[PDB]
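Okay, here we've got a single chain as C-alpha coordinates, the form solved without this ligand, with questions on binding and movement later.
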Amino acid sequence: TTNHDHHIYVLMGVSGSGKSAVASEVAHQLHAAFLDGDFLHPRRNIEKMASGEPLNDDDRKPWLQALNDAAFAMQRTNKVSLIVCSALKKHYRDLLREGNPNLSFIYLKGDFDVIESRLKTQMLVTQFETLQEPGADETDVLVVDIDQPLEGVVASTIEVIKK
(Lines of atoms letter the chains of each structure in order from A and count residues from 1; the text may use other names and numbers.)
(Lines give C-alpha, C1' and ligand atoms only; values in the text may rest on other atoms or scores of the structure.)
(Ligands and ions follow the chains in the order given, each with its own letter.)
Protein backbone atom coordinates (compact mmCIF):
# COMPACT_ATOMS: atom_id res chain seq x y z
CA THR A 1 0.00 0.00 0.00
CA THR A 2 3.00 2.28 -0.32
CA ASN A 3 3.09 4.06 -3.63
CA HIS A 4 6.73 4.54 -4.21
CA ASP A 5 5.90 7.04 -6.94
CA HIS A 6 4.21 9.22 -4.38
CA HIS A 7 6.09 11.36 -2.02
CA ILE A 8 5.79 13.15 1.30
CA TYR A 9 7.83 16.18 2.20
CA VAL A 10 8.08 17.08 5.84
CA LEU A 11 9.00 20.80 6.07
CA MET A 12 10.99 21.01 9.28
CA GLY A 13 12.75 23.68 11.30
CA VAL A 14 12.29 25.73 14.47
CA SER A 15 9.23 27.78 15.22
CA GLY A 16 9.39 31.05 13.23
CA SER A 17 11.31 29.60 10.36
CA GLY A 18 8.19 30.23 8.25
CA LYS A 19 7.25 26.61 7.75
CA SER A 20 3.53 27.17 7.29
CA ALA A 21 3.86 30.07 4.96
CA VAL A 22 6.20 28.12 2.75
CA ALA A 23 4.30 24.88 2.69
CA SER A 24 1.00 26.55 1.81
CA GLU A 25 2.37 28.63 -1.05
CA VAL A 26 4.41 25.72 -2.42
CA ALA A 27 1.41 23.50 -2.21
CA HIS A 28 -0.85 25.84 -4.14
CA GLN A 29 1.88 26.32 -6.74
CA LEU A 30 2.32 22.57 -7.02
CA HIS A 31 -1.31 21.49 -6.36
CA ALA A 32 -0.01 19.30 -3.62
CA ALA A 33 -1.72 17.99 -0.55
CA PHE A 34 -0.93 19.96 2.59
CA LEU A 35 -1.21 19.26 6.26
CA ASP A 36 -0.15 21.72 8.94
CA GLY A 37 0.94 19.31 11.64
CA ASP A 38 0.32 21.81 14.49
CA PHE A 39 -3.33 20.88 14.08
CA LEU A 40 -2.67 17.29 15.09
CA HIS A 41 -1.20 18.12 18.51
CA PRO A 42 -3.31 16.56 21.25
CA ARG A 43 -5.16 18.93 23.59
CA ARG A 44 -2.83 18.14 26.45
CA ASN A 45 0.22 19.27 24.42
CA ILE A 46 -1.35 22.59 23.53
CA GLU A 47 -2.33 23.37 27.11
CA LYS A 48 1.23 22.74 28.14
CA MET A 49 2.53 24.78 25.14
CA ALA A 50 0.10 27.68 25.58
CA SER A 51 0.72 27.81 29.34
CA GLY A 52 4.35 28.53 28.51
CA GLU A 53 5.90 25.07 28.87
CA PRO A 54 8.21 23.44 26.30
CA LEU A 55 7.25 19.82 25.55
CA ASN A 56 9.38 16.67 26.00
CA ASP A 57 9.95 13.34 24.16
CA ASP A 58 6.84 11.57 25.48
CA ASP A 59 4.58 14.55 24.80
CA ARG A 60 5.54 14.38 21.16
CA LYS A 61 5.42 10.61 20.64
CA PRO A 62 1.64 10.45 20.16
CA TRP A 63 1.83 13.47 17.91
CA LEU A 64 4.59 12.17 15.72
CA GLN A 65 2.63 8.94 15.58
CA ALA A 66 -0.27 10.93 14.25
CA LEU A 67 1.84 12.59 11.60
CA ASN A 68 3.14 9.16 10.56
CA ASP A 69 -0.38 7.91 9.95
CA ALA A 70 -1.34 11.00 8.02
CA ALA A 71 1.70 10.76 5.69
CA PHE A 72 0.66 7.19 4.89
CA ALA A 73 -2.87 8.34 4.29
CA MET A 74 -1.72 11.15 2.05
CA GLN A 75 0.66 9.20 -0.11
CA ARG A 76 -2.26 6.97 -1.02
CA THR A 77 -3.81 9.50 -3.33
CA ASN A 78 -1.50 12.43 -3.88
CA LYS A 79 1.57 12.53 -6.01
CA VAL A 80 3.08 15.18 -3.75
CA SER A 81 2.37 15.68 -0.07
CA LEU A 82 3.59 18.43 2.28
CA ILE A 83 3.63 18.11 6.06
CA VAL A 84 4.74 20.94 8.30
CA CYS A 85 6.27 19.36 11.41
CA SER A 86 9.19 20.78 13.38
CA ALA A 87 10.78 17.36 13.73
CA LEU A 88 13.66 18.91 15.75
CA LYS A 89 15.27 15.60 16.89
CA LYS A 90 16.72 12.71 14.90
CA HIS A 91 14.65 10.31 16.91
CA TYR A 92 11.49 12.18 15.90
CA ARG A 93 12.54 12.03 12.27
CA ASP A 94 12.96 8.28 12.59
CA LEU A 95 9.44 8.09 13.96
CA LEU A 96 8.19 9.77 10.79
CA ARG A 97 10.26 7.56 8.49
CA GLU A 98 8.77 4.28 9.77
CA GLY A 99 6.80 2.54 7.05
CA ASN A 100 7.33 5.63 4.99
CA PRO A 101 10.39 4.94 2.80
CA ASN A 102 8.92 7.51 0.42
CA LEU A 103 8.92 10.26 3.06
CA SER A 104 11.72 12.80 3.27
CA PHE A 105 12.68 16.16 4.79
CA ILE A 106 13.08 19.74 3.72
CA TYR A 107 15.02 21.55 6.44
CA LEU A 108 14.25 25.26 6.33
CA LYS A 109 17.54 26.51 7.85
CA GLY A 110 18.78 29.69 9.54
CA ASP A 111 20.68 30.45 12.72
CA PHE A 112 19.69 32.21 15.87
CA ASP A 113 20.27 35.82 14.73
CA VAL A 114 18.55 35.41 11.40
CA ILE A 115 15.50 33.90 12.94
CA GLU A 116 15.29 36.24 15.94
CA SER A 117 15.99 39.24 13.70
CA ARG A 118 13.24 37.86 11.50
CA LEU A 119 10.61 38.01 14.27
CA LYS A 120 9.36 35.27 23.13
CA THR A 121 13.15 34.88 22.74
CA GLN A 122 13.15 32.03 25.30
CA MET A 123 10.86 29.72 23.27
CA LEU A 124 13.32 30.26 20.46
CA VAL A 125 16.33 29.53 22.68
CA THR A 126 14.82 26.12 23.63
CA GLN A 127 13.93 25.07 20.04
CA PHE A 128 17.57 25.53 18.89
CA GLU A 129 18.57 23.64 22.04
CA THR A 130 16.32 20.80 21.03
CA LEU A 131 17.25 20.98 17.34
CA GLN A 132 19.59 18.23 16.28
CA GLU A 133 20.72 19.21 12.78
CA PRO A 134 20.70 16.21 10.50
CA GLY A 135 24.17 15.01 9.66
CA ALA A 136 25.56 13.00 6.78
CA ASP A 137 23.74 9.98 8.26
CA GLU A 138 20.33 11.17 7.02
CA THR A 139 20.19 10.61 3.30
CA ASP A 140 16.65 11.85 2.66
CA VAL A 141 17.12 15.41 3.94
CA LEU A 142 17.41 18.52 1.75
CA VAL A 143 18.15 22.01 3.07
CA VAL A 144 16.85 25.40 2.10
CA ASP A 145 18.49 28.68 3.09
CA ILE A 146 15.82 30.81 4.75
CA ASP A 147 17.95 34.00 4.74
CA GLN A 148 15.88 35.26 1.78
CA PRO A 149 12.42 36.63 0.94
CA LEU A 150 9.43 34.26 1.25
CA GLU A 151 9.17 33.96 -2.55
CA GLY A 152 12.80 32.84 -2.82
CA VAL A 153 12.38 30.32 -0.05
CA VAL A 154 9.29 28.95 -1.79
CA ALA A 155 11.17 28.72 -5.09
CA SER A 156 14.08 26.93 -3.47
CA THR A 157 11.55 24.65 -1.89
CA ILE A 158 10.06 24.11 -5.36
CA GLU A 159 13.42 23.45 -7.10
CA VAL A 160 14.03 20.72 -4.54
CA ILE A 161 10.80 18.84 -4.90
CA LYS A 162 11.50 19.04 -8.68
CA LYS A 163 15.31 18.37 -8.55
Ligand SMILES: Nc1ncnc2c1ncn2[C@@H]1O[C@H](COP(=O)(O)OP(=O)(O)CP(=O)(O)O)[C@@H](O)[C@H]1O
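Numbering follows the first chain given and starts at 1. Definition used throughout: the rigid core is the maximal C-alpha set that superposes within 1.5 Å between two forms. Only residues modelled in both forms are compared. What changes on going to the form deposited with this ligand bound:
Just one of the listed positions, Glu98, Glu129, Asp111, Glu53, moves its Cα by at least 2 Å between the two forms when the rigid core is held fixed, and it is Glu53. With the core superposed, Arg44 shows a C-alpha displacement of at least 2 Å between the two forms. Segment displaced between the two forms is 41 to 56 alone (run of at least 3 consecutive residues, each Cα moved 2 Å or more after rigid core superposition).
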Second form
Number of protein chains: 2
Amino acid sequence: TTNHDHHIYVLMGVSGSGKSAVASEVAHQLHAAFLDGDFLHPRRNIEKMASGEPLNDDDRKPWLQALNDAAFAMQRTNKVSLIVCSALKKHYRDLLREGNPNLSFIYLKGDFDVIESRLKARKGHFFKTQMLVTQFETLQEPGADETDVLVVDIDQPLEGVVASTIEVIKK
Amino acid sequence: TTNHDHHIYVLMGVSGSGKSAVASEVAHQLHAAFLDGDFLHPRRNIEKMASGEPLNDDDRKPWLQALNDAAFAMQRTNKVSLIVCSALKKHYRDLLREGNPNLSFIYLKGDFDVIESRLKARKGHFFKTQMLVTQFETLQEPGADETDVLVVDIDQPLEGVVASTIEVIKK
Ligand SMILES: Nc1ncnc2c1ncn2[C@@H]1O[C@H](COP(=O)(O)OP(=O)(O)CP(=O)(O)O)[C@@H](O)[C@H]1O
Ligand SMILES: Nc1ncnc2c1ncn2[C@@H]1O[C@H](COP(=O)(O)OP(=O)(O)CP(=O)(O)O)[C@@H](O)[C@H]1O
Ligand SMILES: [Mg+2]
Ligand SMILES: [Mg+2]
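Instead of the form solved without this ligand shown above, give the structure for the form deposited with this ligand bound, please.
Every component of the complex follows; first up is the chain already shown.
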Protein backbone atom coordinates (compact mmCIF):
# COMPACT_ATOMS: atom_id res chain seq x y z
CA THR A 1 0.00 0.00 0.00
CA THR A 2 2.89 2.50 0.19
CA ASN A 3 3.69 4.10 -3.16
CA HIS A 4 7.39 4.71 -2.71
CA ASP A 5 6.95 6.75 -5.82
CA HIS A 6 5.12 9.56 -4.26
CA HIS A 7 6.41 11.75 -1.40
CA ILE A 8 5.05 13.56 1.61
CA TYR A 9 6.63 16.75 2.94
CA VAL A 10 6.16 18.06 6.50
CA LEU A 11 6.86 21.75 7.03
CA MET A 12 8.15 22.22 10.54
CA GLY A 13 9.58 24.87 12.83
CA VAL A 14 8.18 27.00 15.62
CA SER A 15 5.18 29.18 15.54
CA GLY A 16 6.22 32.15 13.30
CA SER A 17 8.78 30.40 11.14
CA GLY A 18 6.50 30.39 8.07
CA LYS A 19 4.94 26.98 7.83
CA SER A 20 1.46 27.96 6.78
CA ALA A 21 2.27 31.01 4.62
CA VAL A 22 4.94 29.18 2.59
CA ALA A 23 3.16 25.80 2.43
CA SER A 24 0.05 27.43 0.93
CA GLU A 25 2.11 29.03 -1.78
CA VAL A 26 4.14 25.85 -2.54
CA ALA A 27 1.13 23.62 -2.99
CA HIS A 28 -0.42 26.24 -5.10
CA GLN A 29 2.75 26.35 -7.16
CA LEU A 30 3.57 22.64 -7.67
CA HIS A 31 -0.19 22.08 -7.73
CA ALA A 32 -0.11 19.63 -4.83
CA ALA A 33 -1.87 18.02 -1.88
CA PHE A 34 -1.59 20.25 1.13
CA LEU A 35 -3.05 19.66 4.57
CA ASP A 36 -2.76 21.76 7.63
CA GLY A 37 -2.38 19.50 10.63
CA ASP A 38 -3.95 21.88 13.08
CA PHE A 39 -7.10 20.43 11.53
CA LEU A 40 -6.85 16.87 12.84
CA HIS A 41 -7.06 17.13 16.63
CA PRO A 42 -9.73 15.05 18.29
CA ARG A 43 -12.84 16.80 19.51
CA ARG A 44 -11.31 16.43 23.03
CA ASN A 45 -8.26 18.50 22.10
CA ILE A 46 -10.34 21.38 20.60
CA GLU A 47 -12.33 21.86 23.72
CA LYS A 48 -9.16 21.82 25.95
CA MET A 49 -7.43 24.42 23.85
CA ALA A 50 -10.70 26.35 23.77
CA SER A 51 -10.97 26.15 27.52
CA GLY A 52 -7.72 28.13 27.50
CA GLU A 53 -5.38 25.20 28.18
CA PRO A 54 -2.30 23.62 26.76
CA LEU A 55 -2.55 20.16 25.35
CA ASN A 56 0.07 17.87 26.75
CA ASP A 57 2.06 15.17 24.99
CA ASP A 58 -0.52 12.45 25.59
CA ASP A 59 -3.05 14.66 23.81
CA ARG A 60 -0.70 14.76 20.83
CA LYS A 61 -0.55 11.05 20.58
CA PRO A 62 -3.88 10.53 18.91
CA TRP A 63 -3.41 13.66 16.85
CA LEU A 64 -0.11 12.69 15.31
CA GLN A 65 -1.41 9.21 14.57
CA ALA A 66 -4.32 10.84 12.78
CA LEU A 67 -1.87 12.93 10.81
CA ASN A 68 0.23 9.93 10.03
CA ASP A 69 -2.91 8.33 8.80
CA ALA A 70 -3.58 11.39 6.72
CA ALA A 71 -0.09 11.21 5.33
CA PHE A 72 -0.95 7.72 4.24
CA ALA A 73 -4.08 8.87 2.49
CA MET A 74 -2.53 11.82 0.57
CA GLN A 75 0.26 9.76 -1.00
CA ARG A 76 -2.09 7.26 -2.64
CA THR A 77 -3.15 9.83 -5.13
CA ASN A 78 -0.52 12.62 -5.20
CA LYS A 79 3.25 12.56 -5.75
CA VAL A 80 3.84 15.61 -3.63
CA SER A 81 1.96 16.19 -0.38
CA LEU A 82 2.62 18.95 2.11
CA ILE A 83 1.50 18.79 5.70
CA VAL A 84 2.03 21.68 8.10
CA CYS A 85 3.09 20.47 11.55
CA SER A 86 5.61 22.33 13.63
CA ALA A 87 6.54 18.96 15.10
CA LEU A 88 9.19 20.43 17.52
CA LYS A 89 10.05 17.27 19.48
CA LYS A 90 11.92 14.38 17.83
CA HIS A 91 9.31 11.88 19.15
CA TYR A 92 6.45 13.53 17.27
CA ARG A 93 8.61 13.13 14.18
CA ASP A 94 8.89 9.42 14.76
CA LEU A 95 5.14 9.17 15.28
CA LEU A 96 4.70 10.66 11.81
CA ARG A 97 7.56 8.65 10.22
CA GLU A 98 6.35 5.22 11.25
CA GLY A 99 4.92 3.30 8.25
CA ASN A 100 5.64 6.27 6.01
CA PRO A 101 9.11 5.50 4.58
CA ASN A 102 8.28 8.08 1.97
CA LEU A 103 7.65 10.96 4.43
CA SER A 104 10.33 13.56 5.08
CA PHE A 105 10.65 16.83 6.93
CA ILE A 106 11.34 20.35 5.63
CA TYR A 107 12.53 22.54 8.47
CA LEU A 108 12.06 26.30 8.14
CA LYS A 109 15.00 27.40 10.34
CA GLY A 110 15.54 30.77 11.95
CA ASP A 111 16.64 32.27 15.17
CA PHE A 112 14.63 34.13 17.67
CA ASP A 113 15.12 37.78 16.60
CA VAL A 114 14.11 36.88 13.12
CA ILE A 115 10.93 35.12 14.13
CA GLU A 116 10.08 37.64 16.73
CA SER A 117 10.32 40.42 14.26
CA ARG A 118 8.00 38.38 12.03
CA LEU A 119 5.12 38.01 14.51
CA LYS A 120 5.08 41.54 15.87
CA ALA A 121 4.60 42.57 12.23
CA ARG A 122 1.27 40.97 12.57
CA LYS A 123 -1.06 43.97 12.28
CA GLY A 124 -3.31 44.36 15.27
CA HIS A 125 -1.67 41.32 16.90
CA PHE A 126 -0.40 41.92 20.36
CA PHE A 127 2.90 40.02 20.71
CA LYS A 128 3.59 38.01 23.84
CA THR A 129 7.25 36.98 24.35
CA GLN A 130 6.84 33.97 26.59
CA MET A 131 4.98 32.09 23.93
CA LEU A 132 7.93 32.24 21.52
CA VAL A 133 10.40 31.50 24.21
CA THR A 134 8.46 28.31 24.91
CA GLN A 135 8.65 27.48 21.29
CA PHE A 136 12.43 27.71 21.28
CA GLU A 137 12.68 25.73 24.49
CA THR A 138 10.51 22.95 23.21
CA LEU A 139 12.27 22.94 19.82
CA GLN A 140 14.52 19.96 19.51
CA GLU A 141 16.07 20.87 16.21
CA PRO A 142 16.63 17.69 14.16
CA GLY A 143 20.26 16.72 14.24
CA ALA A 144 22.38 15.34 11.44
CA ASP A 145 21.28 11.87 12.38
CA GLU A 146 17.79 12.84 11.25
CA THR A 147 18.58 12.16 7.63
CA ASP A 148 15.13 12.81 6.11
CA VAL A 149 15.28 16.31 7.35
CA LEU A 150 15.89 18.92 4.68
CA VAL A 151 16.37 22.51 5.88
CA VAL A 152 15.50 26.01 4.78
CA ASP A 153 16.62 29.55 5.55
CA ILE A 154 13.61 31.61 6.48
CA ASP A 155 15.85 34.62 6.75
CA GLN A 156 14.83 35.62 3.34
CA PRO A 157 11.67 37.06 1.85
CA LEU A 158 8.82 34.53 1.83
CA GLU A 159 9.23 34.12 -1.95
CA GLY A 160 12.88 33.28 -1.43
CA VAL A 161 11.69 30.98 1.31
CA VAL A 162 9.17 29.59 -1.14
CA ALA A 163 11.72 29.09 -3.92
CA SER A 164 14.16 27.33 -1.58
CA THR A 165 11.36 25.10 -0.43
CA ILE A 166 10.60 24.08 -3.97
CA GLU A 167 14.27 23.37 -4.55
CA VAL A 168 14.72 21.10 -1.66
CA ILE A 169 11.49 19.51 -2.92
CA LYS A 170 12.63 19.02 -6.53
CA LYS A 171 16.23 18.44 -5.36
CA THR B 1 -16.87 26.36 21.62
CA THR B 2 -18.84 26.46 18.34
CA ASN B 3 -17.92 29.95 16.99
CA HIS B 4 -21.14 30.86 15.24
CA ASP B 5 -19.33 33.59 13.40
CA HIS B 6 -17.01 31.31 11.49
CA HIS B 7 -18.53 29.01 8.84
CA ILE B 8 -17.62 25.81 7.04
CA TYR B 9 -18.59 25.15 3.46
CA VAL B 10 -18.57 21.67 2.05
CA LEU B 11 -18.07 21.41 -1.70
CA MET B 12 -20.33 18.50 -2.66
CA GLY B 13 -21.32 16.90 -5.92
CA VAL B 14 -20.38 14.07 -8.13
CA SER B 15 -16.90 12.93 -8.99
CA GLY B 16 -16.11 15.09 -12.00
CA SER B 17 -18.03 18.23 -11.03
CA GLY B 18 -14.99 20.28 -10.03
CA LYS B 19 -14.81 19.84 -6.30
CA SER B 20 -11.08 20.03 -5.81
CA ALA B 21 -10.17 22.46 -8.55
CA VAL B 22 -12.89 24.85 -7.58
CA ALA B 23 -12.15 24.63 -3.90
CA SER B 24 -8.38 25.36 -4.33
CA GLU B 25 -8.93 28.71 -6.06
CA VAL B 26 -11.69 29.70 -3.66
CA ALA B 27 -9.16 28.97 -0.91
CA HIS B 28 -6.37 30.73 -2.61
CA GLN B 29 -8.38 33.81 -3.41
CA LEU B 30 -10.31 34.01 -0.16
CA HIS B 31 -7.25 33.32 1.86
CA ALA B 32 -9.13 30.68 3.85
CA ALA B 33 -8.77 27.17 5.03
CA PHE B 34 -9.17 24.28 2.76
CA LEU B 35 -9.32 20.61 3.72
CA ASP B 36 -9.80 17.99 1.05
CA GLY B 37 -11.80 15.17 2.66
CA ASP B 38 -10.24 12.29 0.79
CA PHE B 39 -7.33 12.54 3.24
CA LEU B 40 -9.28 11.64 6.30
CA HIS B 41 -10.01 8.02 5.43
CA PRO B 42 -9.02 5.53 8.09
CA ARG B 43 -5.94 3.42 7.28
CA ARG B 44 -8.49 0.61 6.86
CA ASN B 45 -10.25 2.44 4.01
CA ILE B 46 -7.07 3.17 2.15
CA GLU B 47 -6.41 -0.58 2.12
CA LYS B 48 -9.94 -1.62 1.19
CA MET B 49 -9.84 0.84 -1.65
CA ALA B 50 -6.38 -0.37 -2.64
CA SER B 51 -7.24 -4.04 -2.67
CA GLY B 52 -9.85 -2.78 -5.05
CA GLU B 53 -12.92 -3.31 -2.89
CA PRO B 54 -15.40 -0.41 -2.92
CA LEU B 55 -16.30 1.22 0.41
CA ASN B 56 -19.77 0.59 1.78
CA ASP B 57 -21.78 2.93 3.99
CA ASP B 58 -20.41 1.27 7.05
CA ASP B 59 -16.73 2.20 6.22
CA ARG B 60 -17.75 5.87 5.75
CA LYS B 61 -19.25 6.02 9.15
CA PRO B 62 -15.87 6.51 10.82
CA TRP B 63 -14.60 8.73 8.04
CA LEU B 64 -17.42 11.20 8.03
CA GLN B 65 -17.21 11.42 11.81
CA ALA B 66 -13.51 12.27 11.47
CA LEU B 67 -14.51 14.92 8.98
CA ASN B 68 -17.27 16.28 11.15
CA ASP B 69 -14.58 16.39 13.70
CA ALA B 70 -12.26 18.24 11.28
CA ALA B 71 -15.01 20.67 10.56
CA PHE B 72 -15.14 21.47 14.27
CA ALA B 73 -11.43 22.17 14.35
CA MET B 74 -11.27 24.47 11.28
CA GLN B 75 -13.99 26.89 12.47
CA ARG B 76 -12.29 27.57 15.77
CA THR B 77 -9.63 29.58 14.05
CA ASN B 78 -11.09 30.64 10.63
CA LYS B 79 -14.27 32.37 9.48
CA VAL B 80 -14.54 30.42 6.23
CA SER B 81 -13.72 26.71 6.03
CA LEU B 82 -14.15 24.77 2.78
CA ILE B 83 -14.17 20.97 2.95
CA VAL B 84 -14.24 18.93 -0.26
CA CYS B 85 -16.37 15.88 0.02
CA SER B 86 -18.83 14.67 -2.49
CA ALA B 87 -21.54 14.20 0.13
CA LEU B 88 -23.84 12.18 -2.16
CA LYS B 89 -26.39 10.67 0.21
CA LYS B 90 -28.58 12.82 2.52
CA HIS B 91 -27.36 10.71 5.45
CA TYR B 92 -23.72 11.69 4.81
CA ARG B 93 -24.98 15.26 4.96
CA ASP B 94 -26.74 14.78 8.21
CA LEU B 95 -23.57 13.31 9.74
CA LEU B 96 -21.42 16.33 8.87
CA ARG B 97 -24.23 18.54 10.16
CA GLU B 98 -24.19 16.98 13.58
CA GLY B 99 -22.42 19.17 16.03
CA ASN B 100 -21.73 21.72 13.26
CA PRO B 101 -24.75 24.10 13.19
CA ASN B 102 -22.37 26.47 11.63
CA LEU B 103 -21.91 24.31 8.48
CA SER B 104 -23.20 24.35 4.97
CA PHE B 105 -22.97 22.83 1.51
CA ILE B 106 -22.26 24.28 -1.86
CA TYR B 107 -23.54 21.91 -4.55
CA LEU B 108 -21.47 21.87 -7.64
CA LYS B 109 -24.54 20.88 -9.69
CA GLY B 110 -24.47 19.73 -13.27
CA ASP B 111 -26.01 17.10 -15.41
CA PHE B 112 -24.53 13.99 -16.88
CA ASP B 113 -23.76 15.28 -20.36
CA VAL B 114 -21.58 18.02 -18.89
CA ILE B 115 -19.56 16.19 -16.22
CA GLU B 116 -18.69 13.44 -18.74
CA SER B 117 -17.18 15.60 -21.44
CA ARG B 118 -15.13 17.04 -18.62
CA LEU B 119 -13.76 13.83 -17.14
CA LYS B 120 -12.94 12.78 -20.73
CA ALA B 121 -11.20 16.12 -21.28
CA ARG B 122 -7.93 15.06 -19.65
CA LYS B 123 -5.39 13.21 -21.82
CA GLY B 124 -4.40 9.68 -21.03
CA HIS B 125 -7.45 9.30 -18.93
CA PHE B 126 -9.43 6.18 -19.78
CA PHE B 127 -13.02 7.16 -18.93
CA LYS B 128 -15.49 4.50 -17.66
CA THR B 129 -19.18 5.20 -18.06
CA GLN B 130 -20.61 3.10 -15.25
CA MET B 131 -18.40 4.96 -12.85
CA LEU B 132 -20.37 8.22 -13.38
CA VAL B 133 -23.82 6.67 -13.86
CA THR B 134 -23.30 5.03 -10.47
CA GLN B 135 -22.22 8.40 -9.23
CA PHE B 136 -25.53 9.87 -10.36
CA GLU B 137 -27.19 6.64 -9.20
CA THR B 138 -25.78 7.29 -5.82
CA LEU B 139 -26.42 11.01 -5.80
CA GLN B 140 -29.30 12.12 -3.59
CA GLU B 141 -29.83 15.71 -4.77
CA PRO B 142 -30.13 18.08 -1.86
CA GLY B 143 -33.84 18.87 -1.93
CA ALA B 144 -35.53 22.09 -0.91
CA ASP B 145 -36.00 20.92 2.65
CA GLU B 146 -32.19 20.93 3.12
CA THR B 147 -31.89 24.66 3.72
CA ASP B 148 -28.12 25.02 4.28
CA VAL B 149 -27.45 23.85 0.77
CA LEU B 150 -26.45 26.39 -1.77
CA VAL B 151 -25.98 25.46 -5.35
CA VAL B 152 -23.60 26.55 -8.00
CA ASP B 153 -24.19 25.90 -11.66
CA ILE B 154 -21.23 24.25 -13.22
CA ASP B 155 -22.23 24.50 -16.90
CA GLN B 156 -20.02 27.56 -16.93
CA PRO B 157 -16.17 27.71 -17.39
CA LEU B 158 -13.88 27.09 -14.42
CA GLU B 159 -13.64 30.82 -13.52
CA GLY B 160 -17.39 31.57 -13.28
CA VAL B 161 -17.79 28.51 -11.06
CA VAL B 162 -15.02 29.90 -8.92
CA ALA B 163 -16.66 33.28 -9.11
CA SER B 164 -20.19 31.90 -8.48
CA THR B 165 -18.92 29.70 -5.65
CA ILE B 166 -17.40 32.83 -4.10
CA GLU B 167 -20.72 34.61 -4.50
CA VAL B 168 -22.74 31.93 -2.79
CA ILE B 169 -20.07 32.21 -0.14
CA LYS B 170 -20.28 35.98 0.32
CA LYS B 171 -24.05 36.09 -0.52
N1 LIG C 1 9.89 34.86 4.60
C2 LIG C 1 8.94 35.67 5.22
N3 LIG C 1 9.08 36.99 5.20
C4 LIG C 1 8.20 37.80 5.76
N5 LIG C 1 7.12 37.34 6.39
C6 LIG C 1 6.86 36.05 6.48
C7 LIG C 1 7.77 35.10 5.89
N8 LIG C 1 7.25 33.89 6.12
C9 LIG C 1 6.12 34.06 6.83
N10 LIG C 1 5.87 35.37 7.01
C11 LIG C 1 4.81 36.04 7.79
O12 LIG C 1 5.23 35.79 9.16
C13 LIG C 1 4.20 35.37 10.04
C14 LIG C 1 4.21 33.88 10.35
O15 LIG C 1 3.22 33.32 9.51
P16 LIG C 1 2.89 31.88 9.35
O17 LIG C 1 1.38 31.82 9.56
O18 LIG C 1 3.16 31.36 7.94
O19 LIG C 1 3.63 31.05 10.37
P20 LIG C 1 3.12 29.81 11.10
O21 LIG C 1 2.06 28.97 10.41
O22 LIG C 1 4.31 28.93 11.18
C23 LIG C 1 2.68 30.34 12.68
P24 LIG C 1 1.32 29.39 13.14
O25 LIG C 1 1.80 28.01 13.53
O26 LIG C 1 0.64 30.11 14.28
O27 LIG C 1 0.39 29.26 11.96
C28 LIG C 1 2.98 35.71 9.22
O29 LIG C 1 2.75 37.07 9.56
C30 LIG C 1 3.40 35.52 7.75
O31 LIG C 1 2.64 36.29 6.85
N1 LIG D 1 -15.98 24.56 -14.55
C2 LIG D 1 -15.00 23.77 -15.13
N3 LIG D 1 -14.63 23.97 -16.39
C4 LIG D 1 -13.69 23.22 -16.97
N5 LIG D 1 -13.02 22.24 -16.35
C6 LIG D 1 -13.33 21.94 -15.10
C7 LIG D 1 -14.35 22.71 -14.39
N8 LIG D 1 -14.43 22.20 -13.16
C9 LIG D 1 -13.55 21.16 -13.10
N10 LIG D 1 -12.86 21.04 -14.25
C11 LIG D 1 -11.86 20.03 -14.62
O12 LIG D 1 -12.70 18.89 -14.52
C13 LIG D 1 -12.10 17.73 -14.00
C14 LIG D 1 -12.62 17.43 -12.59
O15 LIG D 1 -11.73 18.01 -11.62
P16 LIG D 1 -11.98 17.88 -10.14
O17 LIG D 1 -10.75 17.35 -9.45
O18 LIG D 1 -12.37 19.17 -9.50
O19 LIG D 1 -13.14 16.97 -10.06
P20 LIG D 1 -13.51 16.38 -8.77
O21 LIG D 1 -12.91 17.13 -7.60
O22 LIG D 1 -15.02 16.49 -8.63
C23 LIG D 1 -12.84 14.80 -9.02
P24 LIG D 1 -13.06 13.67 -7.73
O25 LIG D 1 -14.40 13.95 -7.09
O26 LIG D 1 -12.88 12.30 -8.27
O27 LIG D 1 -12.04 13.91 -6.66
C28 LIG D 1 -10.66 18.20 -13.95
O29 LIG D 1 -10.14 18.11 -15.27
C30 LIG D 1 -10.74 19.66 -13.69
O31 LIG D 1 -9.48 20.12 -14.13
MG1 LIG E 1 0.23 27.40 10.73
MG1 LIG F 1 -11.30 15.87 -5.94
